[PDB]
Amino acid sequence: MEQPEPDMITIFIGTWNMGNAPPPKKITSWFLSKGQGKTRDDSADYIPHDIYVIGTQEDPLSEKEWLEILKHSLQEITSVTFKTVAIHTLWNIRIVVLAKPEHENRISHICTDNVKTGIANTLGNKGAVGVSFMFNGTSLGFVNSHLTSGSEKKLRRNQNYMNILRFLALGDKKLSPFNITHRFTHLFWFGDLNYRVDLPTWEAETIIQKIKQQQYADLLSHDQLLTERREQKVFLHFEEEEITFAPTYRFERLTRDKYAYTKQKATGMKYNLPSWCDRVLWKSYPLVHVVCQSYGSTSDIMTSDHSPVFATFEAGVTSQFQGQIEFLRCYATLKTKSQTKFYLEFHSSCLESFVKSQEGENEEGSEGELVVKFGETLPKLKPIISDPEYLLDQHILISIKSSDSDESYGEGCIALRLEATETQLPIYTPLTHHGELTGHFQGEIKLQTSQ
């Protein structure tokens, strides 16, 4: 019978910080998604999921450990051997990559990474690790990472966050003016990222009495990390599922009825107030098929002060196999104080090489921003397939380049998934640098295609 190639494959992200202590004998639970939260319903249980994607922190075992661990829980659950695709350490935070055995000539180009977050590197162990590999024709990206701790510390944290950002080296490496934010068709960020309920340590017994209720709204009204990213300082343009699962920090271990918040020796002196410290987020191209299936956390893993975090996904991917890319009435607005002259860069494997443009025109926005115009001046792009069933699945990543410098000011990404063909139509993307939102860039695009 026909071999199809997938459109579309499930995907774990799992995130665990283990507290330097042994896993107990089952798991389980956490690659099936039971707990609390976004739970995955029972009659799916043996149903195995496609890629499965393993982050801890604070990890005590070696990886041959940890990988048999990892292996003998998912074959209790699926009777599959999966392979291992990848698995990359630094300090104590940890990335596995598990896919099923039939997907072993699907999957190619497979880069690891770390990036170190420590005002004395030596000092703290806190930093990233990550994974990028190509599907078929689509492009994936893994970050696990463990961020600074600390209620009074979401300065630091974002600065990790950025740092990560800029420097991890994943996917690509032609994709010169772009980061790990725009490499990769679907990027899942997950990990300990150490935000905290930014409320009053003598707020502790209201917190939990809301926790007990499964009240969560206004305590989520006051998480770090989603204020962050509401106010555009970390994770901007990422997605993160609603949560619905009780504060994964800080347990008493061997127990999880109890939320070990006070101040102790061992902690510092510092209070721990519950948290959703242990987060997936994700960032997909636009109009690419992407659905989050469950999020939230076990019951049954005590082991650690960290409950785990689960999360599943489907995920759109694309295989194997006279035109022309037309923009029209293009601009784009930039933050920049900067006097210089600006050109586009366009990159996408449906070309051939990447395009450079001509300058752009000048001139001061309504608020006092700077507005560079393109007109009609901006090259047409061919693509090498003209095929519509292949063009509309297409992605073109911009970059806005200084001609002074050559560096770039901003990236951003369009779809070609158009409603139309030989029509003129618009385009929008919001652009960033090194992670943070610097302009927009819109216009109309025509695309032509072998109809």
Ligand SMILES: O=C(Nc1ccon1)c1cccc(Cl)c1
Second form
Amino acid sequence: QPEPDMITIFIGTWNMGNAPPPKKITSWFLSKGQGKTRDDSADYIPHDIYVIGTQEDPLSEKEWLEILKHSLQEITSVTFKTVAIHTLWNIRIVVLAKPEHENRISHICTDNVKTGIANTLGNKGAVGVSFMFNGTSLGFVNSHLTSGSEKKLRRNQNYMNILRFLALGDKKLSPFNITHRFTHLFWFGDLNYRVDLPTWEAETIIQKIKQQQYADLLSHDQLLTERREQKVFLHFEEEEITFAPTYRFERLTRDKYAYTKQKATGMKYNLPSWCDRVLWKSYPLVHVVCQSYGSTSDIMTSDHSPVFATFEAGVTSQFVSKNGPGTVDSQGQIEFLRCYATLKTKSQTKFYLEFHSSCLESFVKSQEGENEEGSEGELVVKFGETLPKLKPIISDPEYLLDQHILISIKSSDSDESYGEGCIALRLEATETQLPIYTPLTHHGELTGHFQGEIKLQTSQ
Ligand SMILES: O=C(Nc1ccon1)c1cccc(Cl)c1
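I have the form solved without the named molecule already, so could you send the form deposited with the named molecule bound?
What follows is the whole complex; the chain from before opens it.
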């Protein structure tokens, strides 16, 4: 029974509006409705993993698990196993997997982050799950960010707090936040970004939606504009949106957007918006393809419509050789030539690197680099040919070319990371000097770059 080199992953996000769901929600898990939808010919083919994020969820865990499992069994005739479930207030994540995957899944972590302070602490935040699927690390975040059209900067702050403080994945990756811990990270939820057009334009917006003309609305979507300005979700992907705004609907129909201010809304307008989103970030040169991104049309208990996204994701085996794991395989090596970091910092500490990878027995600390002044007022840290030769546990190119090296640049004075990035070993050639590059981030914001050359020796 061979180990897979690809799986499919379903991501769902639904703000349930504190109401129980209707009796049938299968259209969600089938990726049917509006947008990029799934072909009918796939309806009986189960996804490998289903990840369900809810917000304003009124159900108990037991109640929602029974609905989800009975839904999937009706679609697929498969009884899914529960990998994890975690709830913060009314924000919930459920991970279900095909029973054949049960002994491929390990290292299951859950965590939550509560956002805000005083007034604004008590209902917004995020839940997450991570695990290993054979050789591949997977992370999932469901966040309910701050509401309201004039609070985009709050939402961006909520995002930074969640990625800083959510504790998922391998704790030995101490310099790295969740945006670097996983082969594939999926971040979804009621992100609550709005279409920023004047209140007076509400009926104009509604008209546009009825004509399926979304371009002049998407050009004002706050998530797209904040991402384009590098204010949030740096280095994440999102599929093109081709479905109508998923908020705010009159309940029990989808014929009406309920946008006008009411006491129940704090006298705020809710112009039609794409509140409900799925984004992802995968390591460089790993296969990930979005195969659906859309909203259901027939689930109408909430003022939001459910959103679905599905992905093909590359996965790798749990590799064993005669040598590693448990020793190095001295037919493998990783060399860095002519490497330098460019940092936005004003500081003048010396810096050193750490190299982290599950292809190493443990992380590797470099010597301090040589600081120079860049022409345009930057710090350039030169490592030259001074960097330690990395000794992978396995030399087989079928394993080693699929790996990645995480890099942190740390202050000698504080041991704090000033920037994190990732280099793929999926090279065009072995035993050949080749350019490498990663941006560097800290707390998910750009802090610099790392570039140089690599030389990879495998057993072939
Ligand atoms: O123990 C598991 N899941 C849960 C969640 C709540 O209680 N048990 C588990 C462990 C490994 C693989 C799988 Cl498919 C499931």
